[PDB]
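Enquirer: Fit chain A' to the known structure of chain A by using the hints.
2 protein chains.
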Amino acid sequence: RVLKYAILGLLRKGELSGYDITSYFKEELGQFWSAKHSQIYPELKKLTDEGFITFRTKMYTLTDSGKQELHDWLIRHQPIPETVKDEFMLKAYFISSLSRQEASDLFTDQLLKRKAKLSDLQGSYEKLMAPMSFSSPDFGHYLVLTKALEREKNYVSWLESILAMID
Amino acid sequence: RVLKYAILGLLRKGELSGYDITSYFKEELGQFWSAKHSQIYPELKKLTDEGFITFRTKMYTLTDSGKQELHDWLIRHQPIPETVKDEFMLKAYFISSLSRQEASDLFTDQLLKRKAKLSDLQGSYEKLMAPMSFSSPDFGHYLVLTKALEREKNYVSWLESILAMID
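Line by line, the protein sequences give chains A and A'. A prime marks a further copy of an entry chain. Those letters in the first sequence? Residues 2 to 58, 68 to 140, 144 to 180, per the deposited numbering, in order. Those letters in the second sequence? Residues 2 to 58, 68 to 140, 144 to 180, per the deposited numbering, in order.
There's no promise every hint is true.
Given that identical chains are not distinguished, each listed pair holds provided it fits within a single copy or across any two copies.
Stated by the list, open to error - Restricting the straight-line Cα-Cα distance to at most 25 Å, the calculated cross-link-like pairs of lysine to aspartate or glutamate (DMTMM-like) are:
1. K166 to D96
2. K95 to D119
3. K77 to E97
4. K14 to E97
5. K5 to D119
6. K125 to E28
Derived by calculation from the structure, the hints in this document are not laboratory data.
Okay, chain A solo, but in the shape it has when bound:
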């Protein structure tokens, strides 16, 4: 039920259609929480049968039960997950099988793609910021944007310093 709390959360500010919920997944949310389109409507239906959302004629809204379910999940302290899979880093672990030139080529290609990804994130940041506060309506978007930005900058920085060792 990977989509349960994503959908409950998307509804936290009022009603949305199933189209709208899908677009929120295909846009700013499905960067850090991707959904298969084949899973949205089963989850919507399951949340309905569970009494967490209701609908009108189709526009879904949180029920009070759904609001409470969302709230309990938000404040819950969870163990931090096991490291997220990174296929490139599996390669890095096995670097003894690469020549110096092949490792340089591999890391350089990775650096290029992550700087390019960083560039897209810096664009979305300047678009969003075109004075942030806790209760600002965009604070949540600002949180995921800056986390992703910081993450790519650090990845870029690590790649550059390994390239400086390799080369």
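Expert: Quick look at chain A' alone, frame taken from chain A:
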């Protein structure tokens, strides 16, 4: 076949038993590439039927075919994946449903756990470094250690600066 290239890579320096391959997963590799124990021996068997590894009496070794298969995968340029799921960041996106105090409590608990995780990584780093070079036999381990270190430092740093905004 999530384990295919992890196992081929574990064998790149010579023969290993299935026990040894499992321990490499339960130790330094299964941090950034976890395996279910129920998947190791099916993968070993599949790689055997594929001619990528062979065995003696059970000690598995790469075949020349397996070495080539590993090599082709290493040098291949792949698209960088969609962002890795982070449940905490889904919460951060939905922060408008939290009071200031609840968000502070949530972020503070996250900061504590990631600093503690950073501490374990800094210990493994000082243990490993008890003068790194490209062809050093530990370079691969040094790559995954420093990537994970840099990653937790940046996460800690981002959490601290959000806490400085929230509080």
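Enquirer: State for each hint whether it applies.
Expert: These are the hints, each one checked on the structure:
1. In this homomeric assembly, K166 and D96 come within 25 Å of each other (Cα to Cα) both inside a single copy, at 16 Å, and across copies, at 18 Å.
2. For the identical chains of this complex, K95 and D119 are neighbours both inside a copy (19 Å) and across copies (24 Å), given an alpha-carbon limit of 25 Å.
3. Within a single copy, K77 and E97 get their C-alpha atoms only as close as 37 Å, which misses the 25 Å cut-off; across copies the closest is 18 Å, which meets it.
4. Taking the shortest alpha-carbon separations for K14 and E97, only the inter-copy value of 20 Å comes in at or below 25 Å, while the best intra-copy value is 37 Å.
5. In the homo-oligomer, the alpha carbons of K5 and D119 lie at most 25 Å apart only across protomers (23 Å), although the nearest pairing inside one protomer, at 37 Å, exceeds that limit.
6. In the homo-oligomer, the alpha carbons of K125 and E28 lie at most 25 Å apart inside one protomer (21 Å), although the nearest pairing across protomers, at 31 Å, exceeds that limit.
When each numbered hint is compared with the structure, no violation occurs for any of them.
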